[PDB]
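Novice: Take a look at the letters that make up each chain.
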Amino acid sequence: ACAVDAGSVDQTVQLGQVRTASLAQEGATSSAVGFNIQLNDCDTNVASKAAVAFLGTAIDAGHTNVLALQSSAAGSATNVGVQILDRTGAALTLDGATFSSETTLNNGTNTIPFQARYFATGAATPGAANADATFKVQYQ
Amino acid sequence: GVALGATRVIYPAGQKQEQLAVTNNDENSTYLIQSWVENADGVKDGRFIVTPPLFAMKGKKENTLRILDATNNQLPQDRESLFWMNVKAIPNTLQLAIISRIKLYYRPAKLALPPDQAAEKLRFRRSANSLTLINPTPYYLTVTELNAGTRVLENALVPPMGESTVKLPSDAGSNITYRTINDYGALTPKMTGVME
Amino acid sequence: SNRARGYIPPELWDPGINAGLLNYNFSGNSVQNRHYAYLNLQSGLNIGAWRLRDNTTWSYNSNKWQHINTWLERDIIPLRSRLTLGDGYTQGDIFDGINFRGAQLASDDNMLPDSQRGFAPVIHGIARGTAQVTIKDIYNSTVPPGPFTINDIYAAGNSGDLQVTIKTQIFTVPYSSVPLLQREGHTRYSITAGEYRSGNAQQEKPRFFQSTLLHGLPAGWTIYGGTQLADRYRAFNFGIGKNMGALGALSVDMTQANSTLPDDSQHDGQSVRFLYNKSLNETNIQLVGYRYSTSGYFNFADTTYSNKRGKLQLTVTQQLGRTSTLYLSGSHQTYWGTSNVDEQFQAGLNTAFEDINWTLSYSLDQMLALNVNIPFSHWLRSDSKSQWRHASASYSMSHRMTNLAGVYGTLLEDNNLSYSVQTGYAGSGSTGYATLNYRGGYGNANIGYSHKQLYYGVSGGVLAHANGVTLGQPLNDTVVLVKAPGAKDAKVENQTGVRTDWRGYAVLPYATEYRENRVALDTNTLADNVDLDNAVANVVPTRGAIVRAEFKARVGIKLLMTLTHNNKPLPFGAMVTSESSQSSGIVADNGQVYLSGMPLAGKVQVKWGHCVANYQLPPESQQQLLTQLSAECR
Amino acid sequence: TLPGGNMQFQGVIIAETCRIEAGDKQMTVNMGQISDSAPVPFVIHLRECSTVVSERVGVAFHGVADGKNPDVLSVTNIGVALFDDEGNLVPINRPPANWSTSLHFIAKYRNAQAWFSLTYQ
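So the protein lines, in turn, are chains A, B, C and D. Just so you know, we're using the numbering used here here: the first sequence kicks off at 225 and counts up by one. Just so you know, we're using the numbering used here here: the second sequence kicks off at 709 and counts up by one. Just so you know, we're using the numbering used here here: the third sequence kicks off at 3 and counts up by one. Just so you know, we're using the numbering used here here: the fourth sequence kicks off at 3 and counts up by one.
Some clues are possibly wrong.
In silico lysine-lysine, BS3-like type, Cα no more than 30 Å apart, as pairs [as the list claims (entries may be wrong)]: (1) C:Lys-605 x B:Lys-766; (2) C:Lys-454 x A:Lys-360; (3) B:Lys-796 x C:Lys-554; (4) A:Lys-360 x C:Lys-310; (5) C:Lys-554 x B:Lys-769; (6) C:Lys-493 x B:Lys-796.
These are computed hints drawn from the structure, not numbers from a lab.
Only chain A is shown next, with the shape it has when bound in the complex:
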C-alpha cells in the first residue's frame, strides 16, 4: 500500500569531525548524528507496523554490528567503523535479516528516526571515513 518516500532512497549523512581522543580503545564511541527514513501515502489498513533491515559490509567478523570503511587514496581511517542505532538506543546488526524496533504506522507522512556514530574497534588513526549501507523497509 505505502511507498517509500522518493529522495529517501538516496540519502547522505555527514558525521562531522571526530578527534582521536574520543576513540581511545575498543568500545569507545563518539557523537551521534540524527537521520530518518521518510514514509508517505501510507495506508494503515493494509499494513499497521513497519520495520527496517540494514545490509552492509562488516569491518570484521567479530564486529558484524559495525560497518566497514572504504579505502581511499588520501588515506582512510583504521580500526574504526560506523555504528547504527535505532530509536531505542540499541545497536543494530548488519546480518541483513535483523529487523529494527517495529514502529506503528500512521496515516500521512511517517518518520522513523535512527542514529549513526563512530565505533572504535581498535587504535584510532586519522583520515577520511566513508561508509555506506543498504537499508530495506519491511511492511507488516
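Take the given structure of chain A and dock chains B, C and D to it, following the hints.
Specialist: This is chains B, C and D only, laid out in the frame that chain A set:
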C-alpha cells in the same frame, strides 16, 4: 592540562579566517592561554594574528582561537608557505609553563598536483655518505620512517621545489623506504624510493 | 569506590526550561493520472520536569482532527527510572510488545554510563603488591593491594578473549554475548498497569498488569522473570541464561500461560524459547533462535479478540578477504492444524573494494538484486571545488526486471540542498524520479517530481521559551536551544543548515541524552563586528529536556590597543576594563591588549594590581576588520 | 518487502596533540630552601594521544638565562640545573633532540620559570 585540536593547520588562501580549538579537561586548574604565530625561522611576525592573544580558562572548558591573515596578498601563489603556531598555557619552586608548537601550511588556491599524490613523486640522490631528497612537488613534505635497509635514518622536512640533505651510514641498505604524513596527521603506507 | 569510566553525578543534569514545543509536518501530494494533504502536529509543554506531549493528525482529500497519543513522561533519579502516564508502549523483551494506556515505570539503560552497558564480565581477584594490571588495551591502570573489582570493561559483543596480566598470575576471561544477558549485579525492571490499546477496533480493551525483571547473577548467569495478568490471560515466564566463555552463550526460557479464547473455552500452554550464539571460529558467527510452542499456547494478543507449532531462525555471517561479507539467514515456521510451512532463505554477498560498493543478494518465488554504488570522488581530484564532486551514481538491477540508474548528492555551499535524479525502467514502464530536499534554518522543504506525482512537504519546529519564539528544524526528543543575542547568521558546527536568525536564537534538533555533547558556534562564518566571549558550551540534557547553551556576544568593533605607562609597556597580567561597552581583557605582551566590542570613542581603565586611557577612532577603523591603536595611559 | 536504497555516511577523523600532565600539582615543582645540591625530581606524562604522534615530539628547554652562565636558569649567585634520567646535563636554549610517554627530569641547585617546548612534526 592543555590540548590542541589538531597537529597541523591548513590555511587556504582567500579565506578570511581559520578556527582552532584549545581544550582543558582538568577541572581544578587555572590556565592563562597565550597564542602567537612565528615565521619559518621561529621569529615573531605580524603576517598572522591570533584572537584572543591572551585569555583565562577555569575548569573543564575549551576555547576557540581564530587565525586572521594579514599578509594582504604578499605571498606566492605557486608554492605552499610554512609558519609555526605557538600556544602557551601558563598555570622556592619552579613553575612549568607548557608551550606547544604546531605547523601552519598556507596553501594557495591554484595547484597542479593534489596533496595526496605529492608523496609518490619524491626523488632521491645517494651521495658518498649523505642522501639528498629532491622534491619537485609544490607541497611541504614531512618524510619519516626513512629506513635504509637495516639502518633507519632521521626524519626530515623538505620545502617545496627544493632539496634537503640527511646523513647516510656506509652500511645502509640499497633499498630505501619512506612514509609521508597527510593533513590529518596519519602515516601514509610505506613507499620505496625512486632513485634517479 | 572507583567511579565507572564516563560517570557524571546526577546533580550536573539539567532538567530543562519552561517552554512550549510544537512540531509541524505538512505534506501535499498532487498526483495527476492519465490531491492528498496530510498534516502531523506534535504539541508539548515542558513544565517543571514533566513532559506533556500530544499528537494530532489532519487530512484533506481532493476536516478530521484526530488525536493519537497524550502522555506525561517524567524522570525519577532516585529510582533510576522513568515514569510514563497515558498512552504508551511496552518493549517486551520476553513478552510481546503491546501498546496501552496507563502507568509504566521502567528502568533505563541510557542513564548508566556507557561503560556499564551490554554484557562484559567483571574481573575479580587480588593482586599481590603494587600491580599494573593490564587487560588486552581496554583497561590499563594499577590498584592498591587487596581485592579489586574491575568493571569498566566496554561492551564488545562477541569479540574474543580478554587476557588479564597482573604485575604474575596470567588468566584469560573468554566470553560470549546474548542480548538477554546482563552484567553482574545489574537489575532491569519494568512494571506496566492499565488498559490495553490496539489499532484494531474489533479487539477488546481489557485492563492488564505486566511485570518484567532481569537480574544478573555472578559468574555470567542471568535470571529473568515475567508475569502477565489480565481478566482472561494469566502467564508466568521464567528464563535462565549462561555465559560459557569459549563454548558460547545460552538462553532458555519457558512460559506457562492459562489463556481464554474468544469463546469461553479455556486452554493451557507452554512455550520454550532457546537461543544459542556460537563464539568465533577459525570468522563465522552463528545465531540459532528456536521457539517450540506446544498445542494450547496463546499470547495476550490472541486473548483480546472479539497455532505456531515451531519457529526456527538460523543466521550465519562469515567475513572473507576483509571485504566480502557472506550473510546466510534461514527462517522456518510450522503451524498447528494446518500442515503448510513458511520458509524464507536469504543469502547476500556484499563487497566494497576501493570506492566501488557492490552487493549481490538472493532471496527465496525468488528475488535477486545487484546494487553498485560509485561515488564520483574516485575520478575528479578532490582539490577541485566543483559541486559535482559531492555526487554519486547508484545502479541497481533486480530480477520481472527492474533497472534503476541514478545520480544523487549535494550541490549547495553548506550541503543543504540534497538532489537526487534517478531514471528507471520496469519490464515497459519508464518512471523516473527527481527530488530536491532543503534543510535550512527555518525548516525542511522537500519537493519531488516522479514521472505524474508532485510531492511538496514542509517540516519545522516552534519553541516558545522565555526569550521569545524560535523557529527551526524538526525536533527530535532532546533539543538544544542556543541563545547568542546580537550574532545574526551564525552557523553551528557538525550540523547542516542550523543557522541563527535575526533574533539570535537557534535550535539543535538532536543531542544525546545523559551524555556530554559539544555545542560550538563556527566563528569562521560569523560577522566581523560580532565577537563571542566563549564559542563553545557543553550541556548534558535529560530525556525530553530543552537545555539552553548561553554564549555572550559583543557587538562593537574589535580593537587592539598598545598601552604605555611612563613611556613603558604595561606589565603582564594587567586587567583592562571598559565601562563604555562593559568589556574586559588581559594585557598579552609588550603592552598589547585585545578588546572585543569597543565603541568609536571612549576611555579604558587599567588595573596593574589604576590608570585611565582616553582613545578615539576615525570611522574608517569601523570599516576595517581589526584596528590597532596606540594610547599612552596617564 | 521492497528495497529501500543506499545510505552513505561521510566524515573525517583528525589527530590531536599530547596533553601535558606534570606530576606536581599546578605544575609547581617545590625545590626547597638553601643554606650540587639534593636532587629534585619531576615527572611529565604525555596522555591521550597515539604512540606515533607522541614519538615524533621534539622536547626542548628554554627560559631566562643567568648572567654568569647562559646555560643555567637564573634564580644569590646560584642557578637551577636540569638533568635527564641519564644524568647528562641538558643545556637550556638548545635545538630539539628527540628523547616513552613518561619523561623524568632532575633539578639541582648550583624561583624561576622554564618554557618547556614541544614541537609536533
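Novice: The structure should be examined with respect to each hint, and the outcome stated for every one.
Specialist: Against the structure, the hints:
Straight-line distance between C-alpha atoms of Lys-605 (chain C) and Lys-766 (chain B) comes to about 29 Å, which keeps the hinted pair within the 30 Å bound. A distance of roughly 25 Å separates the Cα atoms of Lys-454 (chain C) and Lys-360 (chain A); the hinted pair therefore holds under the 30 Å criterion. With a CA separation close to 25 Å, the supplied pair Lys-796 (chain B) and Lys-554 (chain C) stays within the 30 Å bound. A hinted pair counts as satisfied when its Cα atoms are at most 30 Å apart, and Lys-360 (chain A) with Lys-310 (chain C) qualifies at roughly 26 Å.
Distance check on the hinted pair: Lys-554 (chain C) and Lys-769 (chain B) sit about 15 Å apart at the alpha-carbon level, within 30 Å; holds. Restraint check: the Cα-Cα separation between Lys-493 (chain C) and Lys-796 (chain B) comes to about 29 Å, which is no more than 30 Å; the hinted pair holds.
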